[PDB]
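Start from the sequences and build out the full structure, keeping to the hints where you can.
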Amino acid sequence: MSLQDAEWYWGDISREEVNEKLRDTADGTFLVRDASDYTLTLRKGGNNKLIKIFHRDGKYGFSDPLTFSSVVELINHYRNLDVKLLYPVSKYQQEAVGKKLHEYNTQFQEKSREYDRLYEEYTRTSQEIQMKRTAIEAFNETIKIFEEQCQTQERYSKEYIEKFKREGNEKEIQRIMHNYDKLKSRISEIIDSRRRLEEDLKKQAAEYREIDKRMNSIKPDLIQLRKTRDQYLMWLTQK
Amino acid sequence: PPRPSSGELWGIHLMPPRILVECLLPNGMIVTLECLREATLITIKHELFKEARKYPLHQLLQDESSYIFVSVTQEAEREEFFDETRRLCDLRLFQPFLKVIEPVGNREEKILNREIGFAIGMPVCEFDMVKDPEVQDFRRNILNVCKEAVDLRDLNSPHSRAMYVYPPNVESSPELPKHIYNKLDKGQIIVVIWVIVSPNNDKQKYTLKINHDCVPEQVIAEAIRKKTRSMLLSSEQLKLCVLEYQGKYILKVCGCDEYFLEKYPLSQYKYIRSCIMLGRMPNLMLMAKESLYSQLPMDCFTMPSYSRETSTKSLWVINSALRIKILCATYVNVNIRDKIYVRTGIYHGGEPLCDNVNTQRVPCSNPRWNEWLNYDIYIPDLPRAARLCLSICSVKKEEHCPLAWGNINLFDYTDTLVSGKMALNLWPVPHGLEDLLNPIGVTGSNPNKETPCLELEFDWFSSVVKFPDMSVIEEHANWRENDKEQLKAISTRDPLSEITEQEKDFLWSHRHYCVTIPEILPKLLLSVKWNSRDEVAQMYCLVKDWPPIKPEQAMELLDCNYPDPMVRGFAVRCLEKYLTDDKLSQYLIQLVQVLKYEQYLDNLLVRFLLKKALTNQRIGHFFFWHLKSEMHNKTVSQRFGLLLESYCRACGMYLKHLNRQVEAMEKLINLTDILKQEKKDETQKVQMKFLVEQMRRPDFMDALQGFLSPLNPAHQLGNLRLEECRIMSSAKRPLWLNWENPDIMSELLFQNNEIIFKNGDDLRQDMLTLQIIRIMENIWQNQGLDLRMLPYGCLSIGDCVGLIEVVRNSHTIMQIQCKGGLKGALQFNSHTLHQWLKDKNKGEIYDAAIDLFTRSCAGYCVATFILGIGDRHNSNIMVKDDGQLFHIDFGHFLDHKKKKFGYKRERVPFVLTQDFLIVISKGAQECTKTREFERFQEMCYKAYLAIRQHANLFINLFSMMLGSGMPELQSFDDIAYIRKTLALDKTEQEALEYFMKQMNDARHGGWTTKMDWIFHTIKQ
Ligand SMILES: Cc1cc([C@@H](C)Nc2ccccc2C(=O)O)c2oc(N3CCC(C)(C)CC3)c(C)c(=O)c2c1
Ligand SMILES: Cc1nc(NC(=O)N2CCC[C@H]2C(N)=O)sc1-c1csc(C(C)(C)C)n1
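The listed protein sequences derive, respectively, from chains B and A. Those letters in the first sequence? Residues 326 to 361, 367 to 410, 420 to 433, 443 to 587, per the deposited numbering, in order. Those letters in the second sequence? Residues 2 to 309, 321 to 350, 353 to 410, 416 to 498, 524 to 1064, per the deposited numbering, in order.
Hints were generated in silico from the structure; no laboratory data involved. Possibly wrong hints are sitting among the right ones.
Okay, derived cross-link-like pairs now, DSS-like style, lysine-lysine, Cα gap no bigger than 25 Å in a straight line [what the hints assert, rightly or not]:
#, chain 1, residue 1, chain 2, residue 2
1, A, 867, B, 575
2, A, 867, A, 884
3, B, 519, A, 867
4, B, 550, A, 468
5, B, 379, A, 1024
6, B, 575, A, 948
7, A, 884, B, 480
8, A, 1024, B, 382
9, A, 548, B, 423
Below, the structure written as structure tokens:
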């Protein structure tokens, strides 16, 4: 117990460097800070609470009746709805160990690059899939129209076709039948283009999930490579 | 599903000049016909029915008039092409075929729905197919606001319609700051009213000297008097002349379409105030009221075709803790390189209400939990904004990781509480998101049903639960001294100022007093414990009877930190009563972005905004574009599209002008797609050759001439001055476009309209920046500080696609150095800027131009410091010939704080300190210290403090712009930058030392360093 012991005390580290020092942590993870003075950061209810320590006349407290005259007795008093504190954030967490902090960062950046060389080919794949999904929908409706066009033929025609047969004109009906046959041909041709596009659909649906699996394997690593490359304050132009 | 490319056929950007088109005739005959890519449907139909008489069953073909073309578009719908002026390539066909049918059904409905669908970028039929009851209830009900707005439009049949189309462009207050009042002659201004006398335009002037605060009718009266002076009339006869013909005319701005329709002071009109400040003379035009109302459409509103005992206990009756079952998950893309678990949690906006509970670690390959999770929270203690954020995570214990997330509103839009079985398709995780849940993430099931689909079963009670009506909450609600020094100090601290638990309970305790100082309501609400029906019920009753606060402060209650419905209802009511149309336009970006946060489709905020958009076309236009520019994002697509459907089904005849704008932008997108993709590696000479070739084609000329500039629909875009149009050097392949101004007297304002169309970069940054610059210039001018900024227009119209106003006769300092020439000197010499300004401003013009330069430079410097904008060298700062400075390329927020690693900003070298110090006070080798530099400094200091005084506003602006997934605007930690530049923690007089120190440092660091011209590296 002193002014700075290095057990649960940091300087005026910002609020950006507190939430992440106790993010998704249990009811307890706490630390002492400074105010615009002292500050106490605490965790409970799945939330981050903030309590000020009034220091006037070299004495410290929370409520109106002051019950301390030092900084570190305050913590141990309540430590053992003012729920107790549990787990503190230590200061010493892992000769001139500075050069080694390239090998552990060189992973991250490269593993970021390889993830970027994947998320790109995820987005590009992803949208490419939706495209094909719509094109099949287009083909389907296109086919319907031609199938409706056939209905228009085998209805308007079957009054002329079954009028020239009772009049003797085969190679006039041969023109009509040549037309109807090309119409049906342009139906089967569309159906086959659509079947091929469904083949590419399932090709890309497998490639998509392979990309997703590789991303799911890579992701746990990058977060752990984030905490390994933390910097030391006060030093300039380390590469 | 909207189409993916702006091509003319599926997977082809441009149709070859001649295309084979399979025509399906109405007698069942298929005829392949060669058409020109630009050919209209009229001629295609004519040459079809001509060459179709060669094919059998030719006698059945009726007159070609009685048939219409139908086809399949790239959106995969059957478009019946009723407009047969449309060209083949503009059809947006899936494949080149055309079916010929006879018209069926109601033609009007088909046409209107097709126009709405084109405007949105999504066929309207897709909404009809949606089965969610909330969607259809919104679609049906929102028409109430639509009808109310159109009724207010036809309330005053002739005049109100004109007010809707051409609303008065005025400032908020008529009070004219004194340094502006002095600029005019003893309280009055010189004005010039013009009259067009015959068709092949002759023009006559009437130079009036009028009180600056006169209404338009009074100006018309003075013009009539001017004319009825040469007239021979009695004194009472002149009196009767004016009396009868005062309000038979109306005033318009010469050169654009802004009209003075309302009884306002002339100086309150933005154009005239601008004329005063800039010293330019206002040129207006007289116009007969009949000659305007004639050109109004009389657009009506007709309803669409979709306008077509159960046991219930209240939530205040249930005694149990919230519990939910986690059944199973359809599939997970796991490599088996490791066990997964479902982490859940109940949240009230950003923060969770209770403690987050998890499922058990299960096989990665086989995903089943089937476990009834209990939540540490009381069911009646649930606020109205309670909702469930959950996610599927993995393990190696050693290294956790999220995979697929999902959020659900725990109540219905009907107020019912969820119970029984439910299936939720999950969403993916953003690129750089490592959080175990997604709280701010959008609520609802995934429309894409192919991604991971979780299944679960909520607790089913005896009957159907509902959240209690407000009266029950009031019934529940019905159960000193002097610490005010603090309340008038914590209510003045910025929103991001820490809220200690001492202060939280100190506020909640003395809450019934807070009403006296109403602006403290934001802070107060943050100090409430929302998982307590007790405190929630009390706070509800405090909210209802709360004093209306200023609108700028009420906006805060609409950002993410305040999700409770009563809070947002209060803010919305505040806006409905106290917000001016002017500032509603001013802050529209944030207001649109904030719609995302609201729980349900139908709410008070959307109704308010839609009503004001259907009441004011200057709002409605940008309302439309801001919503449409986000239809690319699926997370917002449905909400924003339904809202766009609502607007387009009511705005009336402006819809067609919007369609023209859309059409033109589509063609531009497609052209730039070609320049960027297919012709990527072609030389610029050949790309410009192609550009000329393709623009001259008639589909383009017709589609991109004669329409309203989305940047400011008060400007008409006339004919393209093609000889000026060009592709810009920028790698992203922009398009410099030049239009004539078609205005009857384009001579008196815009000669040329020049716009940059860039397909590549995200503009939301630039937009927000320029909006803030605009706000700052407003603040400085209201406080009598004449710092002339240039917040040039900028509008994002789609995913990294937008428009940029050009400033006429401006040049980069890079240019001015080079453009000014070598003049015999390979080096610009840095002095040159001063001599180029001196070469374009001689005599007495010199001093006033120098004043313009310094006044603009100071403001832009201060703004570049307060906002995190770096990268300021001779290629981002521009000068006009009159000498106004202004900055461009506002690409990065908060000093690249997200970017890189975060160990810089200890030193920043400004390159051009000397180059400006020469202009700001001429000559004198020691211009480190001159009187003029002292005045420059005082200006900068006053400006810095002026922004610091209003800081809360800008904090709120940035906090509202967190809905947009902007690069350097993701967490509040980002926004916290301006807290440091302004030094809101340090006292007012300590912050001036902060500013002066930073500025001195940068100036001297600039004196030393070397620029290395092109690459702008250093040498020290
Ligand atoms: C004449 C001049 C002087 C300065 C600075 C260097 N000097 C002062 C400024 C105000 C008051 C006093 C001094 C003083 O030193 O006495 C300028 O700074 C900027 N920046 C903005 C602030 C940054 C840190 C980003 C550097 C770029 C720009 C853009 C200028 O146009 C500018 C112009
Ligand atoms: C405001 C603005 N004004 C411009 N005007 C000009 O460029 N000119 C005027 C006539 C001569 C010509 C010139 N100086 O070459 S470009 C621009 C502007 C705004 S954002 C931008 C990026 C393309 C750099 C992003 N650019």
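Outcome of the hint check:
About 57 Å separates the Cα atoms of residue 867 of chain A and residue 575 of chain B, which puts this hinted pair outside 25 Å; it is violated. At most 25 Å may separate the alpha-carbon atoms for a hinted pair to count; residue 867 of chain A and residue 884 of chain A meet this at roughly 16 Å. For the given pair, residue 519 of chain B sits about 86 Å from residue 867 of chain A by alpha-carbon distance, which is inconsistent with the 25 Å threshold. A distance of roughly 16 Å separates the Cα atoms of residue 550 of chain B and residue 468 of chain A; the hinted pair therefore holds under the 25 Å criterion.
For a cut-off of 25 Å, the pair hint linking residue 379 of chain B to residue 1024 of chain A stands: about 23 Å separates their Cα positions. For the hint linking residue 575 of chain B to residue 948 of chain A, the alpha-carbon distance of about 20 Å falls within 25 Å, and the restraint holds. Proposed proximity of residue 884 of chain A and residue 480 of chain B is contradicted: the alpha carbons are some 59 Å apart, above 25 Å. With a CA separation close to 22 Å, the supplied pair residue 1024 of chain A and residue 382 of chain B stays within the 25 Å bound.
Annotation: proposed proximity of residue 548 of chain A to residue 423 of chain B holds, straight-line Cα distance about 20 Å (limit 25 Å).
Violation of the numbered hints given earlier is confined to hints 1, 3 and 7; the remaining hints are satisfied by the structure.
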